[PDB]
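Single chain ahead, by itself, as structure tokens, in the form deposited without the named molecule.
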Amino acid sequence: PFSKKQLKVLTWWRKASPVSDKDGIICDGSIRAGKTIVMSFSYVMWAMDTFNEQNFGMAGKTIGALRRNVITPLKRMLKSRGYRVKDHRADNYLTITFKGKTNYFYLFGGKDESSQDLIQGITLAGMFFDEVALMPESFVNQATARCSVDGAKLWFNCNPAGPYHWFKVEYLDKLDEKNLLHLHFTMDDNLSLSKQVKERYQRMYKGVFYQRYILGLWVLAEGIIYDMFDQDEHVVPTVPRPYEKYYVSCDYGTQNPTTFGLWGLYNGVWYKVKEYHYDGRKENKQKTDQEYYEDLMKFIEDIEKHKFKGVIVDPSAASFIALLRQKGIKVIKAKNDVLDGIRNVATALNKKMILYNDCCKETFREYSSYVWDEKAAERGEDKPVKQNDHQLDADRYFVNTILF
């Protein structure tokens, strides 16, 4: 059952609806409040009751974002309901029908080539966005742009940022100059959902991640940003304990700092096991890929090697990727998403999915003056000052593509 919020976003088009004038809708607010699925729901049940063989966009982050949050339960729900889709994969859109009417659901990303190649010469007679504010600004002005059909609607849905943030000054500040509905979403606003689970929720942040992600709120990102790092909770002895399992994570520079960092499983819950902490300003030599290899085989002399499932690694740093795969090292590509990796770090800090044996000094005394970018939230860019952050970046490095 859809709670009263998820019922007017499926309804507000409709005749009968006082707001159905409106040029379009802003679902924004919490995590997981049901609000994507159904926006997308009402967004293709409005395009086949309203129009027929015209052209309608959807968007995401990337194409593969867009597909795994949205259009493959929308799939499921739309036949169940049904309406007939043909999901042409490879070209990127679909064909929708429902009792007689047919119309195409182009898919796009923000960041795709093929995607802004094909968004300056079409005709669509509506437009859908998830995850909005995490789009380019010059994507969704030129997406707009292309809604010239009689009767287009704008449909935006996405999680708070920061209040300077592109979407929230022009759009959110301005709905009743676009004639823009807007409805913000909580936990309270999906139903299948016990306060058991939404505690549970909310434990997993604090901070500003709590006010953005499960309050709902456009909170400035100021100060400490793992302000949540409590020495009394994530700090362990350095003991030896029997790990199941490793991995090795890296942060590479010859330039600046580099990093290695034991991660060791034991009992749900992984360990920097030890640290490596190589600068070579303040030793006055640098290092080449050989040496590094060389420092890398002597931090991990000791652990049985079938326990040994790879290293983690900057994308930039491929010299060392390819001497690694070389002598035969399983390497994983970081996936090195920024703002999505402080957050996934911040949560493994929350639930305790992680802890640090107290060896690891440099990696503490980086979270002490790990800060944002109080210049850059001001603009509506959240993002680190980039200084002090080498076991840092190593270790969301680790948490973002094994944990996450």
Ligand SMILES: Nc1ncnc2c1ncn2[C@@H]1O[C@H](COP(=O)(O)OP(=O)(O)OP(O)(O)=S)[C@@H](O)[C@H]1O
Second form
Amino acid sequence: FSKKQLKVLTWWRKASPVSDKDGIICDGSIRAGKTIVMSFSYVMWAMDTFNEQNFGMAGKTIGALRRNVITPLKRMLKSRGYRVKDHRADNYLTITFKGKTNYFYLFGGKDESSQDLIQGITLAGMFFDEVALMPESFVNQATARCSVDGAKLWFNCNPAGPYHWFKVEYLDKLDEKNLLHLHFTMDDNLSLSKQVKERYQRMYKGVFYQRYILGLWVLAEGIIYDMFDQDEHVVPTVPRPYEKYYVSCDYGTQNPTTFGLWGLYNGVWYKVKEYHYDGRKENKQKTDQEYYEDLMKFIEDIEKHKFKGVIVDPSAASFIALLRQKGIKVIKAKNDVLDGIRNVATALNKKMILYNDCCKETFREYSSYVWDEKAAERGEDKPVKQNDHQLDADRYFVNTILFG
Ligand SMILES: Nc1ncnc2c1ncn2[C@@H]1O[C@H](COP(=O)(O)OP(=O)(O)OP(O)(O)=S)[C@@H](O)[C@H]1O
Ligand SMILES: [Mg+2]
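Could you present the same protein in the form solved in complex with the named molecule, rather than the form deposited without the named molecule shown above?
In what comes next, the whole complex appears, and the chain from above leads the way.
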């Protein structure tokens, strides 16, 4: 373990000069070993400091908490001699060690079970994985539940805007809450090679570099996909031998409706051609029948055994139903926005995707998709939802197929 990771494991112990504190904030870069030592240190602290008490562990969703935190935490605890009994249906664990036993309830920031349970339960310590991605209403409610004598608060996240509730309320008022704060760059994880560290550097440019590599709380302003480059990302519209295929779709009778034909060739997805229909501009809105008829004329040429399905947003259920009637494979897209943008940026940085030069509406949109300046100075990083109709399709595709 690194010096900073070992400070997370030991701050709470009796010999430590900082064991006074009411809690701890660990933030900074990706792949820095924050979550894994933080969650491991939390259970150690709890099993040592208490007996027969309730504890909380929160994530964006409970399934997120389970992927990032809970599954690798079990192998860690089981290996150190901590017996765990996971009660998967009821969302809590029973960790037990040297005659002592405690209870660790699992929470989601958005979940309905989690609002119901958190309001009533009375905890002796709370932990937050990806705290910036959680509602502030949730953490204020959950911190009040830490009523038991000698409770400690643990927070864990990557950076966001400098006007974000957690940065402004929790991190700037650090001495006011008597919280400890360690900040993790990627050098604080010794398990990474210098070869592997510099690979992660190449995945991010711009705001996302400063946030997810340097660990800085910097402001999302101006153009979103600034790293897009018509030198690097545009290729000629000349045929190629594509292995698999997809069609990505942003649907709207009300606004423009887009398709995009994506094709795999030499481990790179090419946006082969675009469909762009604006009902307002054309002054004739299209029906689902008319749109389905267009998707067929749009994929007439390609070979149906390679065509692997249509990625489409869940709020087009009128359209989704008709495609399944007619017998098309229809993937409900991973809708999450900031996570989709960040992943598309990575795809451009690494050239996982390229564009044929006939995606002319896509390039226009690349040069106008900008951050909501008004919202970003509240601590809410969002796109301005205007001329983002190809880019939403491109986002669904990249997020749904390319990334996990
Ligand atoms: N002591 C260790 N031995 C081996 N691998 C480790 C060790 N500490 C951390 N790692 C690995 O380092 C990587 C990052 O650890 P995490 O705790 O998941 O990072 P993180 O800081 O939570 O990253 P984000 O912000 O959630 S992407 C994982 O692949 C871990 O398995
Ligand atoms: Mg983490």
